[PDB]
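Have a look below at one chain only, the form deposited without the ligand, in structure tokens format.
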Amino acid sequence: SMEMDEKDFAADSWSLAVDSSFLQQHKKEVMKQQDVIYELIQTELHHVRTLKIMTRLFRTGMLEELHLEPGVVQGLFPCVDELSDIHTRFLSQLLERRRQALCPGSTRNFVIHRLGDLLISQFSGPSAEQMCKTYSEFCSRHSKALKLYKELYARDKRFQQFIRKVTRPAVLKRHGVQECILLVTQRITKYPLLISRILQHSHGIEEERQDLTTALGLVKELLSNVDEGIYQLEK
């Protein structure tokens, strides 16, 4: 992740990220909505950062430092480039909506009034089909990736040494190989939770309550499709 974005999302909430005198100019219901919108973007940033750890640090690191066949690395990190592309584009649209909303003379103070349109685009048409096919694929290869990892770690000293080495920093404590794979599988089931809590505080502008209700239904349809398309593969 990039320093500019890490600072913008370092605070525990929108009410703490913005200047105190800016928060004071808003109604409580707005602060409540903004806190949940801020959480959705903040977790998408961590989600993309997890995928970059899997691609640059774990996946590329193995190719540039070990004599593992590329088929083995593909089994360990299934659909990671494709997942990285989907969520990095989604994060880019979310981060741009926040920047467009900033006040002049400020890099912290903003209010995002429209989110449903962006959430409908992501979870509908070709973009939703690409996520449904990539997540049905990822989640079917999920167990085989854990067993391949456990097998390689408990049989290869060079792999054990590599893993102990790259995961040594404190910032990668909850981000080992198996933890990254589970963080990714669990991501899609977080969206209905976040979108429903944002929706709960978006009844002031009727065009937005409907856009968010539509987005909520689109995500549930996507999850139901990913869930139906799953069938556990084995090594």
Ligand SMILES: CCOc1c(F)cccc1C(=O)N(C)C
Contents of the next structure:
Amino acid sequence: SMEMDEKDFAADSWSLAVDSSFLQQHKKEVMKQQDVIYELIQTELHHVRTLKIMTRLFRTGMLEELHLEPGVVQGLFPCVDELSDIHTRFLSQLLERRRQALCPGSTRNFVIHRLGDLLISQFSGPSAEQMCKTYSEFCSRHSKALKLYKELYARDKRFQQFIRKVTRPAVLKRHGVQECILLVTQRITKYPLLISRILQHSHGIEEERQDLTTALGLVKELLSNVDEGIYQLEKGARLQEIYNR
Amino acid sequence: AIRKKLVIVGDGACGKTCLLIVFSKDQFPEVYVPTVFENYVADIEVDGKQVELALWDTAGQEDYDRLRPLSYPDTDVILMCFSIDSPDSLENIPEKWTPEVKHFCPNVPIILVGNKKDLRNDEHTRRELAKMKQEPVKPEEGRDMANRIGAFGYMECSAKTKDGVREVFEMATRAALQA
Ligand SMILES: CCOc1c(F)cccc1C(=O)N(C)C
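Having seen the form deposited without the ligand, I'd like the form deposited with the ligand bound now, please.
Full assembly next; the chain just shown is listed first.
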């Protein structure tokens, strides 16, 4: 992540991020809504950071330092460029909604009142079809990526040295290769939980309550389609094992 | 330190997310309780052995039977949770959660954990449950379920007061280290 956004999302909550004199001006229900919207954006910033560790630190470092056989780096990091493009664009929209809502003279005090429309847009039309295609592919290649990683780590000295080198710093403690793969697979199923809690505190404006209800339904439709589209790929699986599913 | 993986499973109302949050912070949040848990790697020393214990939640995956099993590869210990204020969450343990974890995590120890133990003597909880002819889960009901499902053991905790939380994760670390 870039320092400007890390500092904007350093606090444990929106109520601790804004100035205390600005917090005091709002009703408790608004503070509760803003704290959950802040968690959605903060966790999206961290999810895009997970995808940058996968593309920049791991994938590109392996291409630039190691002599892996062709198709092996794509096997370890399936769909990572497409996932980065989807989430970096979505994060850009969330951060621009916050930036437009800042008070003049402040880089920290804002209230987002209209999140629902942004979520309906992300989870409908071509962007939703792209998210469905990409996660159905990624999640079907998840087991194969883990097995390929374990095989290379156990048998290739230069690969083991590379992994131990780039994952040594304390800031990578939660982000080894296998951990990044599962953080990405689990991201999509965090959205209903976050949207439902934002909706619980968004009844004050009926258009907002309706738009978040529509977004929640679209996200659950996407998840149902991805879940029905998954079949784990396995290296060396024979056609007979597949057609006898 | 050796690296081990823990996964928590259980129904949506079981308190799994709150349990992971309270353990990873050593605190019940005073200002904002997070909605979700990403992951965490805890440094734990149990009985003189140092372990890096990676922690994972399955919250949000309960309705998605093809996404949820992607959380299980190479798990070393399972925490299987139910809430003491919900006999319904305990009823779903033996024939829904247990056959799934035994299939995807063969031979992995399961610790059955009764969450929200502070609600066993909460008057509001006892009144709401009595309307459905129910009562908070009794300790013997939790131990008998753990015994029946072949759990490594039975433990109780309260994420709200932190009572019992350190003990659950130290025991999960010991279970993960066993042959
Ligand atoms: C179709 C829209 O999907 C995208 C998006 F929402 C953001 C950034 C890029 C893309 C895209 O064109 N692909 C191929 C992933």
